[PDB]
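Not every chain of the complex is shown here; the ones you see sit where they belong.
Labels run A, B and C following the written order; every chain starts at residue 1.
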């Protein structure tokens, strides 16, 4: 099952898990300080992940960068 | 299951999930502001995804770019 | 399960689902205006997809372009 890597490029990056299912809203927000890395899967409860704030992101389709 | 990466290139971008099944309609519109990235799967409930607004998009088939009205 | 990426290159492009099953008829026509992108799977309900109008198309077999 797929995962994304998120490296925070500043304090307070917000990695937001959206609920899997007929309804969509966020069910968890994990904040990262600058330099921290989160490696997070798609799961039974999370089917979309949003990143807010400056982050360096890797997925199976390559590198992408969120800007705050 | 496959996923698409969408990075908003201006405020107010909408990533719209279309319902899976005989019926086709919008069930959710996720609004993205400039700089934010959404990584969204295809799912039991979403079998097509539409992107309105300027965005940089990656899928397994490569990069594509949506342009806004 | 695979999908196809369609970027509309002018207004009023139609992405048409054809029904899976013994019967083949339309079922849904999604209208894309210029610059909009639709990323659409093959599904229990859709086993063929037609594009009408000018669009840039990506599949697992490469790029192809429809013309209006």
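To be clear about the criterion, a contact is a pair of C-beta atoms (placed from the backbone, for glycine too) under 8 Å apart; a residue touches a chain by one contact, two chains touch by 3 or more.
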Inset, instruction - May I ask how many copies the whole complex comprises, since the file places only 3 of them? - result: 11
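Definition applied: only the chains that are shown with their structure count from here on.
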Legend entry - Chain centre separation in whole Å, for subunit C relative to subunit A (CA means): 30
Legend entry - Residue ranges of subunit A in contact with subunit B within the complex: 2, 4, 18, 20-22, 24, 42, 47-52, 55, 57, 59-62, 64-68
Legend entry - subunit A partner contacts - residues on subunit B that touch it in the complex: 1, 3, 5, 7, 17, 27-28, 30, 32, 34-41, 43-46, 56, 58-60
